[PDB]
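Given next, in structure tokens, is a single chain: the form deposited without the DNA.
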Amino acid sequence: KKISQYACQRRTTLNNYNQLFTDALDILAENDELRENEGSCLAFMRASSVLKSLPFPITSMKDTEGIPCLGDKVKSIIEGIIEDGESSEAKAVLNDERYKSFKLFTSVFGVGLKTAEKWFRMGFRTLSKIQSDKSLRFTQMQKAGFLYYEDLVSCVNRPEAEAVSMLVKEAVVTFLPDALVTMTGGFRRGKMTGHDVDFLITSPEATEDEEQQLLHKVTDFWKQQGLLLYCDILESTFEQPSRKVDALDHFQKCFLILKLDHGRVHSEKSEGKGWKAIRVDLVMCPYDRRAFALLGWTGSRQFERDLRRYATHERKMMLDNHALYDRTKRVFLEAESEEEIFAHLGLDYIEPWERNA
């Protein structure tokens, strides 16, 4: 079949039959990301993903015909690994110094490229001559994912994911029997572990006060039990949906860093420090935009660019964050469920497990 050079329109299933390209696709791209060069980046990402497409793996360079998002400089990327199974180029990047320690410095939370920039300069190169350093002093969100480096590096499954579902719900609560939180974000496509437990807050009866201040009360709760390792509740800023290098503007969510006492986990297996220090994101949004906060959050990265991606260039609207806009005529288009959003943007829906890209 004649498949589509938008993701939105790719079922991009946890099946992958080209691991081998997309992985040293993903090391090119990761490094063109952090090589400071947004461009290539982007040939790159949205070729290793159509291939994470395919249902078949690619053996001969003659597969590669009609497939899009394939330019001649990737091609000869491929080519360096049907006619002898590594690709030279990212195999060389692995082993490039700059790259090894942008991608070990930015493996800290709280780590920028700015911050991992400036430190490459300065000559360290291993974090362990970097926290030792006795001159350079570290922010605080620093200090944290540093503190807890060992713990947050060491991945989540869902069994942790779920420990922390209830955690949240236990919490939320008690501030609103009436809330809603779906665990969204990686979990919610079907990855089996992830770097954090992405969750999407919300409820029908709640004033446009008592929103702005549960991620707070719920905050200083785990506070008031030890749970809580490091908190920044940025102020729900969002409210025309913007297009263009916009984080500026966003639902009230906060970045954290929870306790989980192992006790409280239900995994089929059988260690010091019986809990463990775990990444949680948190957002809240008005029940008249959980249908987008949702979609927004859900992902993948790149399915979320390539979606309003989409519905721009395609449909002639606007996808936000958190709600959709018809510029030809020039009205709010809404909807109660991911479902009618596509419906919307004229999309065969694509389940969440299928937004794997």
Contents of the next structure:
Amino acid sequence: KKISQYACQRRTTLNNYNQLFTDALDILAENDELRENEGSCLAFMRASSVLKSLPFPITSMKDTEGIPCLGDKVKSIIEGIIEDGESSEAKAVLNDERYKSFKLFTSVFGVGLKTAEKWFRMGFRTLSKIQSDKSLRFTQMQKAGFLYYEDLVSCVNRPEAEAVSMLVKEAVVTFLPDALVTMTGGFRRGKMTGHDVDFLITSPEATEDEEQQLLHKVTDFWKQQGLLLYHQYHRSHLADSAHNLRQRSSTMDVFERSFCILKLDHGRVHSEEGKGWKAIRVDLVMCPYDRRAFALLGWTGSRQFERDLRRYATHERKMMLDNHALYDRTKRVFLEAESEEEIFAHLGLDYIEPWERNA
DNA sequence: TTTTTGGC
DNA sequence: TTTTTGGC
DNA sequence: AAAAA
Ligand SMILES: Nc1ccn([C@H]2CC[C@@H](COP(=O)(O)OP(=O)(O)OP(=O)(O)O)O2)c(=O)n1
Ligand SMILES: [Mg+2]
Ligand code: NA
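Got the form deposited without the DNA; could you also share the form deposited with the DNA bound?
Every component of the complex follows; first up is the chain already shown.
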């Protein structure tokens, strides 16, 4: 009867009846994330997450009874929204100069919290002043971010995601004809838009040297076709908390990870002119065939669903879950699974469909 | 930097 | 008061 | 921020 504090024990579809509340909570979490106050950031993210799962809109304070992740601070924000249809706390964040600058600077691909603070303390407030400054030096990633800014700020839609899927499939099958390409992330959860397109590549017949060289061969193929705009391996990046999977280094050694920017020609997109092409972010994961169920679960998301699955495993089941395996800490054995359903069953959880993982 | 919960 | 909040 | 201990 009671709503669980874990997102892995709730069904969260794209039907949100509480957008007025969750938009204000996302603004407050984002402000704390950009300022690195991680404890309170997560508390606002959890509060936003549970409200997204509600099958009715909050219309009175009596509706917050028996709902987890709602303390005195979150209750006062909800109360304030019930009163005038707006949050005075979220409105102050939207008018904050540090929030506005950080939000704008980190909207450029390759700009992390350290670079955005650096620019803010120099007195910069706009992207035109940053781009035209005579002394500033930029990384190759930041250069791609500025050169393809308008295409990246506009999001990828489902027709564009499927056209990129065709490019990935053609390239992969040239080197591994038996390879299976699965679209993961937000698009797997039924989202109609995304900041990127995510893929999981697996091959039953591939060898260790073949698995380790596939992403190298795929990106070289795109480079020869004139489709590669930017490329980097995750091993040489160092990402901020928002993009950190929090996995063991021996777990990550098992996979091959690559992130690109692809030139997507309009003639490849089947949907409802300009330069005739659009720059698209693509994230690629190569995983060993035997670890495919754990990798599909881990890269489907959402971020909130993943971290609560692991928190539940640790604190409720005395288990250890990651993107390659499930370990029972008490019995000292690994639990085998060939499907996402088998993983949920080992955890003692009712199976949650990917379209219900939008926590 | 806050409050809540649950055994001592 | 100190610890956890997705890994060891 | 909000638990947990
Ligand atoms: N800190 C993070 C970030 C990501 N992920 C996982 C789950 C989703 C997957 C792909 O990540 P994103 O592309 O960033 O997110 P998304 O769900 O696809 O959403 P969008 O691409 O639309 O921002 O990686 C995670 O476990 N923890
Ligand atoms: Mg994505
Ligand atoms: Na960024």
